[PDB]
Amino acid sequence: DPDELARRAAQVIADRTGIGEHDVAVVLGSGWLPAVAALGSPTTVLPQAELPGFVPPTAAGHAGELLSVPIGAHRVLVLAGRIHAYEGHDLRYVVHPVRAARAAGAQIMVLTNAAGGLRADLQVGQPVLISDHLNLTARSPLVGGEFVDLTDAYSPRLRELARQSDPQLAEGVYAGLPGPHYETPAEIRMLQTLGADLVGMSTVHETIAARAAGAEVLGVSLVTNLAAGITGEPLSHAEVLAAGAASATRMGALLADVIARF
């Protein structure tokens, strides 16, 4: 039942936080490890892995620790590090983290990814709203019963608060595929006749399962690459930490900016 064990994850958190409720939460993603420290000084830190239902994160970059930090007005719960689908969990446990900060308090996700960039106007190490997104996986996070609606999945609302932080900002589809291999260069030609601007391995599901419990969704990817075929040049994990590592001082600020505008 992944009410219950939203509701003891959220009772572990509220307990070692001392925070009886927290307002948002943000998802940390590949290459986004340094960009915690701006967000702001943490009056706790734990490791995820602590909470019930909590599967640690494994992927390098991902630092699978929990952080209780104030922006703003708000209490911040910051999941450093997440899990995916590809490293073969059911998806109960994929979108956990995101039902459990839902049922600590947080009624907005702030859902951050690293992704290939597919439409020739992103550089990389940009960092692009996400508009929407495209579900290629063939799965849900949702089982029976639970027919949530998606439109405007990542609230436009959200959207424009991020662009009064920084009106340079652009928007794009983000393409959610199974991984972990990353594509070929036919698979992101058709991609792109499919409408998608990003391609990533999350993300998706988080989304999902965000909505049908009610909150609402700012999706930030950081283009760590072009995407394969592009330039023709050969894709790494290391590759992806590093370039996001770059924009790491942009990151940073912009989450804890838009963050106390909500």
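We call the rigid core whatever largest set of C-alpha positions still superposes within 1.5 Å between the two forms. Numbering follows the first chain given and starts at 1. Compared with the form deposited in another entry:
- Relative to the superposed rigid core, the position of the CA of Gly214 differs between the two forms by less than 2 Å.
- Once both forms are fitted on their rigid core, the CA atom of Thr193 lies less than 2 Å apart between the two forms.
- Fitting the two forms on the rigid core leaves the C-alpha of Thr58 displaced by at least 2 angstroms between the two forms.
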Contents of the next structure:
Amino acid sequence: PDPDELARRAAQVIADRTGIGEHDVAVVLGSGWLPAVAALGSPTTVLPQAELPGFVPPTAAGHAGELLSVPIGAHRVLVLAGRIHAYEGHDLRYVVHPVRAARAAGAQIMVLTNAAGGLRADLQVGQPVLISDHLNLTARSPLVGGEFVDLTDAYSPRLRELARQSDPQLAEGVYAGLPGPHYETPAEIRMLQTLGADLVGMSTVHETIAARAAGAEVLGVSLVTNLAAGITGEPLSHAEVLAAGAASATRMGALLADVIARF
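In place of the form deposited in one PDB entry, the structure of the form deposited in another entry is requested.
For this one, just the chain is written down, with no partner chains and no other molecules.
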């Protein structure tokens, strides 16, 4: 039950079931990014997350997602379809366990994807934005002892350059992670603008900190699924977030495959 022990055990199961000793990249799919899977490549192995140690919070029954093993270029990639966010009420160890288990299975790069509100003038709905840095505004950490991790270049600049070779149209921005699940007030958005954020969302920051803690590099990719509250007046809804996710799914899947191949 130490998160690191269940991570090791998950990796044993992954290697055993896939035949693959080392998956060197992993992908965590954001809200609304699920339809991008087909466009990533064809999975050779599909593992229910429930059949893997440490993925499911002990209580609250509910059909977790899948973990896919997908060849992308010269990489074997672990793709996380379905995830748990802090707003679900479970210990952060479940929010970040996929990262830790992927790391234990050999992932040296974590591609952490999300749905985000755009805060910056230039941003359009459907636009992918690389994460240059983050503001963790949750007052929490997935780390528990005296485990001090340096977050300078938490979002690898070189993976960034790598990504922009694949799509020179890729802007980058600072992502603010909030608890959710309520969206923000217009006043809260003006505040985030003041604090230096370009993107806003309810995930990612803990996955990033756990990745860094475990020694992996991180590429962060936001899909702008809406403009942030108050910027245009358009109402925010999860259905609208899923809808933007699904409209951009072939683009996102294709982008991720090209970038990952380039690693």
